[PDB]
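Given as structure tokens, the chain that follows is alone and in the form deposited in one PDB entry.
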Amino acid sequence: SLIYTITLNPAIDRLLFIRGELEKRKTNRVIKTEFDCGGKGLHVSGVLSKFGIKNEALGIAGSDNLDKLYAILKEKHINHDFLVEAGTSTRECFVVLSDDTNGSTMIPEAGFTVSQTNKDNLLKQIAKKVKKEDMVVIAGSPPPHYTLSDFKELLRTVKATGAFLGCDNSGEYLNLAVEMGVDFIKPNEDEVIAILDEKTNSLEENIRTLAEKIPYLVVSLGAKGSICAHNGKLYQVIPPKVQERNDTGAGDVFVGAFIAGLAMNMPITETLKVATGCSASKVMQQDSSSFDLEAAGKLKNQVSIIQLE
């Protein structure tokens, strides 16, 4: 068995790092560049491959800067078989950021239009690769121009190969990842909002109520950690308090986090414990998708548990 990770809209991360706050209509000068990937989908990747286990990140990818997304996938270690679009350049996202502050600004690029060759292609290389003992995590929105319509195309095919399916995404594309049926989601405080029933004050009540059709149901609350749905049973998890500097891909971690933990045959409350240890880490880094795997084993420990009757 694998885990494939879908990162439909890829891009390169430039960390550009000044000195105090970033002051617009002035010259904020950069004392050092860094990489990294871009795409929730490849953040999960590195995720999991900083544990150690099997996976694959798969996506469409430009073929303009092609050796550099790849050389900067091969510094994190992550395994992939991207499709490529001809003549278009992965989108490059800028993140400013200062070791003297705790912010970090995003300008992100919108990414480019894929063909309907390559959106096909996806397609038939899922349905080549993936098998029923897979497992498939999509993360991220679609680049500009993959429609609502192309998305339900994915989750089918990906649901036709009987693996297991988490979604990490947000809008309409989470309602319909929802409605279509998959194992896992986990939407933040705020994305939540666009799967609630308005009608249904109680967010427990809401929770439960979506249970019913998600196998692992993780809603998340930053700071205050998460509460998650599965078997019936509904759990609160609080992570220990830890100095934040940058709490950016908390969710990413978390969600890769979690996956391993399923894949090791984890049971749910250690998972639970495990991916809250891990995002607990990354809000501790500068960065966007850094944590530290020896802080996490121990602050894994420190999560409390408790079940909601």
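For clarity, a rigid core is taken as the largest C-alpha set superposing within 1.5 Å between two forms. Numbering follows the first chain given and starts at 1. Compared with the form deposited in another entry:
- Superposed on the rigid core, the two forms differ between the two forms by 2 Å or more at the C-alpha of one listed residue only; from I193, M180, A160, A211 that residue is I193.
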Contents of the next structure:
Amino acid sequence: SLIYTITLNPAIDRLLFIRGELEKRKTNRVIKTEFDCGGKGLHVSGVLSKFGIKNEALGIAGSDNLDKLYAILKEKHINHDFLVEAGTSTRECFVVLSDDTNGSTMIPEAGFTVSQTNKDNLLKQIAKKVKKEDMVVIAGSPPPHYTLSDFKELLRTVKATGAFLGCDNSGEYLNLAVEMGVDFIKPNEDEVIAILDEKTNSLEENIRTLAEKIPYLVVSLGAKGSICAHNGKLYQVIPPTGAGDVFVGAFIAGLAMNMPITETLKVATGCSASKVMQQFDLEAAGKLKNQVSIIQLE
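To complete the pair, please output the form deposited in another entry; the form deposited in one PDB entry was given just before.
Partners and other molecules have been left off, which leaves just the chain.
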């Protein structure tokens, strides 16, 4: 079988290294510039590959900076079959970083408007490629004007093939994903409250309730860690940006390698924490795996 990632609104991450903090009306000189691939799906493909797990990235890229995007993907050993929109450029997400600090300021471009033709090409692309034994991971939110309506066809077209379907989205797209019934989603506390529009029950109850529709539910609680529901059980995951994408990637890898869920959660969490410490190193992420603690909630 195979794993497919779908990055509707890909990007090129441009790391801008400056000295100290980022003043907000001052001039901040860049010491050096660094590039990496952007888009949730892509980040997820990057993790899968480090795990020696086969996968292919799908999405819509711009023509004008394609060569640059491909060099990065080749470097991150990411197999892809992108659709290309002529006369446009993949957006960039400027990441103002710093060795002198541990912060990061994000300034992502909105991305371009996708042509109707490439929307349809993505649909058959999925029909022609995805099998029931495969897994699909639509990650990152849609580019401007890729409507909820468009998103609906996308999800249904995937479901129609019977493959595992995970979605890392937000806003009405996440809600929509839930209503459609995907196998995986990683909402934050508040997104959970939003999806249900319920504010009087405990979060726990919101999650157990939501687990009735999503079989691999993982709710991020920020620094506190996470809560994952699966097979009737609820787990509190306690750890010792892009951290969320790596978590997804790691989590998918675990399921792909078919390892215990509690175990998958320790690996996912070890890799996510491994980055919140990096400007990730898989080897380095492995030392954190067994520092992660799981607490089953009864």
